[PDB]
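*Asks:* Chain residues, written in single-letter form:
Number of protein chains: 2
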Amino acid sequence: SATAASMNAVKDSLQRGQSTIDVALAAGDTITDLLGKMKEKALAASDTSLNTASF
Amino acid sequence: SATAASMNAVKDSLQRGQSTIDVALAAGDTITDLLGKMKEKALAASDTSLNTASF
Numbered sequence: 056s057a058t059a060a061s062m063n064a065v066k067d068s069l070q071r072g073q074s075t076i077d078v079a080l081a082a083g084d085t086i087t088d089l090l091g092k093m094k095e096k097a098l099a100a101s102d103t104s105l106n107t108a109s110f
Numbered sequence: 056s057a058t059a060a061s062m063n064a065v066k067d068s069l070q071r072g073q074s075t076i077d078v079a080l081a082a083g084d085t086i087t088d089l090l091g092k093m094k095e096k097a098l099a100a101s102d103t104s105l106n107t108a109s110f
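The listed protein sequences derive, respectively, from chains A and B. All residue numbers for the first sequence refer to the UniProt record's numbering, where the first residue is 56 and numbers rise by one. All residue numbers for the second sequence refer to the UniProt record's numbering, where the first residue is 56 and numbers rise by one.
The shape of chain A in the complex, shown without the other chains:
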């Protein structure tokens, strides 16, 4: 029965690991959106017919 108590101790650590990964995933989604937008900006600026004040 001591071992069953220890399993009770293990489950919380597994849950904490889940939580940390969720936070990381949220930040990652935001970062991927920002990277898409940055690609759009760089692509738009790669144009050689552009004015000096839009670059």
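Heads up, a few of these hints could be off.
[Stated by the list, open to error] Cut-off 30 Å, straight-line C-alpha distance, at most; resulting in silico cross-link-like pairs (DSSO-like, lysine-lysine):
no. : chain 1 : residue 1 : chain 2 : residue 2
1   : B       : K92       : A       : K66
2   : B       : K94       : A       : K66
3   : A       : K66       : B       : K66
[Said to hold, decoys possible] Here are some chain A residues the structure puts well away from chain B; computed CB gaps all over 10 Å:
no. : residue
4   : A57
5   : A60
6   : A64
7   : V65
8   : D67
9   : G72
10  : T85
11  : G91
12  : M93
13  : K94
14  : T103
15  : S104
16  : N106
17  : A108
18  : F110
Worth flagging that the hints you see were computed from the coordinates, not collected in a lab. Ideal placement from N, C-alpha and C gives every residue a C-beta, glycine not left out.
We have chain A; now place chain B onto it with these hints.
*Replies:* Okay, now just chain B, sitting in the frame of chain A:
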């Protein structure tokens, strides 16, 4: 009949031995519970994803 009187003397010592072993057993049960709890604590602390203030 002297021997029967001596048996009367022996029974009390046997009973005293029983009593001492009961006290020891009670303390031992408490100790085993404490050891289970200590294992749980050590297992929980063996985690490397843990903060510096929970250790």
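*Asks:* Grab the minimum beta-carbon distance between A57(A) and chain B and tell me whether it stays above 10 Å.
*Replies:* Violated: least Cβ distance 4 Å, not greater than 10 Å.
*Asks:* Was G91(A) rightly flagged as not at the interface, with every chain B Cβ beyond 10 Å?
*Replies:* At roughly 31 Å from the nearest Cβ of chain B, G91(A) sits farther out than 10 Å, so the non-interface label holds.
*Asks:* Measuring Cβ to Cβ, find out whether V65(A) lies farther than 10 Å from everything in chain B.
*Replies:* Per Cβ check, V65(A) is inside 10 Å of chain B; nearest 7 Å; violated.
*Asks:* Straight-line Cα separation of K94(B) and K66(A) no greater than 30 Å?
*Replies:* Within the cut-off at roughly 15 Å; holds.
*Asks:* For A64(A), is the shortest CB-to-CB distance to chain B above 10 Å, so the non-interface label stands?
*Replies:* For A64(A), whose nearest Cβ neighbour in chain B is about 5 Å away, the distance does not exceed 10 Å, so it is violated.
*Asks:* Could you let me know if the closest chain B CB is still more than 10 Å away from the CB of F110(A)?
*Replies:* 46 Å, holds
*Asks:* For a C-alpha distance cap of 30 Å, please report whether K66(A) and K66(B) respect it.
*Replies:* Given that 30 Å is the threshold and the Cα spacing comes to 53 Å, the pair is violated.
*Asks:* Find the nearest Cβ of chain B to the Cβ of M93(A) and say whether that gap is larger than 10 Å.
*Replies:* With a cut-off of 10 Å, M93(A) remains clear of chain B, as the shortest Cβ separation is near 32 Å.
*Asks:* Grab the minimum beta-carbon distance between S104(A) and chain B and tell me whether it stays above 10 Å.
*Replies:* Label holds. Min Cβ-Cβ 53 Å, cutoff 10 Å.
*Asks:* Say whether it holds or is violated: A108(A) keeps its Cβ farther than 10 Å from all Cβ of chain B.
*Replies:* It holds; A108(A) is separated from chain B by about 51 Å at its closest Cβ, greater than 10 Å.
*Asks:* At 10 Å, judged by beta carbons, does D67(A) keep clear of chain B as stated?
*Replies:* 8 Å, violated
*Asks:* For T103(A), which was marked as not at the interface, is the minimum beta-carbon distance to chain B over 10 Å?
*Replies:* Since the minimum Cβ distance to chain B is about 51 Å, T103(A) lies beyond 10 Å and the statement holds.
Going through the hint list in order, the structure does not satisfy hints 3, 4, 5, 6, 7, 8, 9.
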